[PDB]
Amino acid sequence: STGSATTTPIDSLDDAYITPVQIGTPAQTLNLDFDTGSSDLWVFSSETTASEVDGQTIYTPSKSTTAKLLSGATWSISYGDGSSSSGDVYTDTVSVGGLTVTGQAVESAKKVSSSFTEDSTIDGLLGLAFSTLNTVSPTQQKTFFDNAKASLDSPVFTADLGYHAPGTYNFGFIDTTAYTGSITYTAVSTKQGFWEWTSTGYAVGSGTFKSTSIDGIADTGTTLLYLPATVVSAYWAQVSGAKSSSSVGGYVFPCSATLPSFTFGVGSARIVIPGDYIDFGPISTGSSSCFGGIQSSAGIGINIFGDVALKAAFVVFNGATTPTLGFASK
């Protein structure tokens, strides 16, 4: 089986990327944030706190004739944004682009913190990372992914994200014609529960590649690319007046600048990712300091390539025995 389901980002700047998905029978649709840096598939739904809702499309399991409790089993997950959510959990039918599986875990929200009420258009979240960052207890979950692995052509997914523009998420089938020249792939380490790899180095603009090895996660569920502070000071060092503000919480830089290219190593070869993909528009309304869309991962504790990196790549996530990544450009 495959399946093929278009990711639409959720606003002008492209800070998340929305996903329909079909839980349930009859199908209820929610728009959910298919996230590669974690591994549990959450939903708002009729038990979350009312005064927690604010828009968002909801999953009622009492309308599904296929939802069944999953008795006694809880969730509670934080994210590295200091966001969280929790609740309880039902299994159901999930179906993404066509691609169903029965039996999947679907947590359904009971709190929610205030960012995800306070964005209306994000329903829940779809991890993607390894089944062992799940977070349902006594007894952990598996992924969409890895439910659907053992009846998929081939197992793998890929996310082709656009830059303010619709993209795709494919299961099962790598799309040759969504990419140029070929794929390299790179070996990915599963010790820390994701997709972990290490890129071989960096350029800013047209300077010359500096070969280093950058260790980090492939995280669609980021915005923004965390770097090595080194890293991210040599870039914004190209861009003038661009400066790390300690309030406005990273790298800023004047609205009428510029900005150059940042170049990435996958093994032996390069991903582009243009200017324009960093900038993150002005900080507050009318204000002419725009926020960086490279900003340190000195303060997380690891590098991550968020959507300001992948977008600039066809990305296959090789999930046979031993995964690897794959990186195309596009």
Contents of the next structure:
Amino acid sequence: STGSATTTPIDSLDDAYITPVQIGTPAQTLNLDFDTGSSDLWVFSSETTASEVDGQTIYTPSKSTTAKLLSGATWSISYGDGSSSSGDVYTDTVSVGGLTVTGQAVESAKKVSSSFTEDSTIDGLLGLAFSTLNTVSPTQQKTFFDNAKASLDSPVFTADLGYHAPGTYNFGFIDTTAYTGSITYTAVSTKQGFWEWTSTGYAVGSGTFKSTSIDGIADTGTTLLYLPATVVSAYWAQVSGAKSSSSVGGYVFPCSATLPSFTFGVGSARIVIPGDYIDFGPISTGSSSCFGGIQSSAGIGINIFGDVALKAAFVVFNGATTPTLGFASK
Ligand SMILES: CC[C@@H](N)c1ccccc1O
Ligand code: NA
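In place of the form deposited without 2-[(1~{S})-1-azanylpropyl]phenol (SYG), the structure of the form solved in complex with 2-[(1~{S})-1-azanylpropyl]phenol (SYG) is requested.
Next comes the full complex, and the chain you just saw is listed first.
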């Protein structure tokens, strides 16, 4: 089997991407944030505290003929940005882009933190990191990918995120029309439950490539590119008037600037992030200070290749017995 679904930016900045997901019988379609950095599939629901729901579409298990309570199971998650949610668990039929899993754990939110409430465009998360990070207790649950895998034509999914445009998540096949050149594969460590890999270096603009190992995670659920402070300083030093602002919470730059590109290495291959991708616009409405898309990972404890980096590539998440990542230009 295979599946193919379009993923759409939630806003003009590509802060996140939403993908429609069918849950239950008859189908209830919810727009979920697919997250290669976490391992829970959780939704706004008929159980979510009413004051914490503001415009999201909810899953109502009582209207699904295939929903069953997973008795005794609870979940609670805390993300890198401080957001969180928690609740109880159903099993139900879940379909993505025509690929169906029966008996998927669908984590029903009883509580969501204010960042979730405030964002009416995200109806929940679909985690695509390793199932070792799933938070269901007392019986840990599998991701949608892990449950689909044995049915798939090839044990893979691909992320093809758009810049200010829709893109695609495919399951079970590699669309050879969706990228240019060849795919370069690189080793993955699963020891922290992430798609963790080592970039071979970077370049700023038309500058020389610096060979240096940068461990980090491929995270579709993080907006920005978080890299070591040395690398980030070297990037922003090439932008007139850029500075790190403790008041704003990262590097800002004059909105009048033209940003240089940023290149990262994948083995001997190179992925170029155009300068425009690194513009996250005014820090507040009408400001002439703009927020940068490359930020320091100091204090996060890991480097994160978030959407800024991933959207510049066609990315293969190879879930074979020995997982690997692939990157191609597009
Ligand atoms: C990434 C979109 C943003 N409005 C957001 C939405 C929900 C939870 C956290 C969070 O930062
Ligand atoms: Na923000």
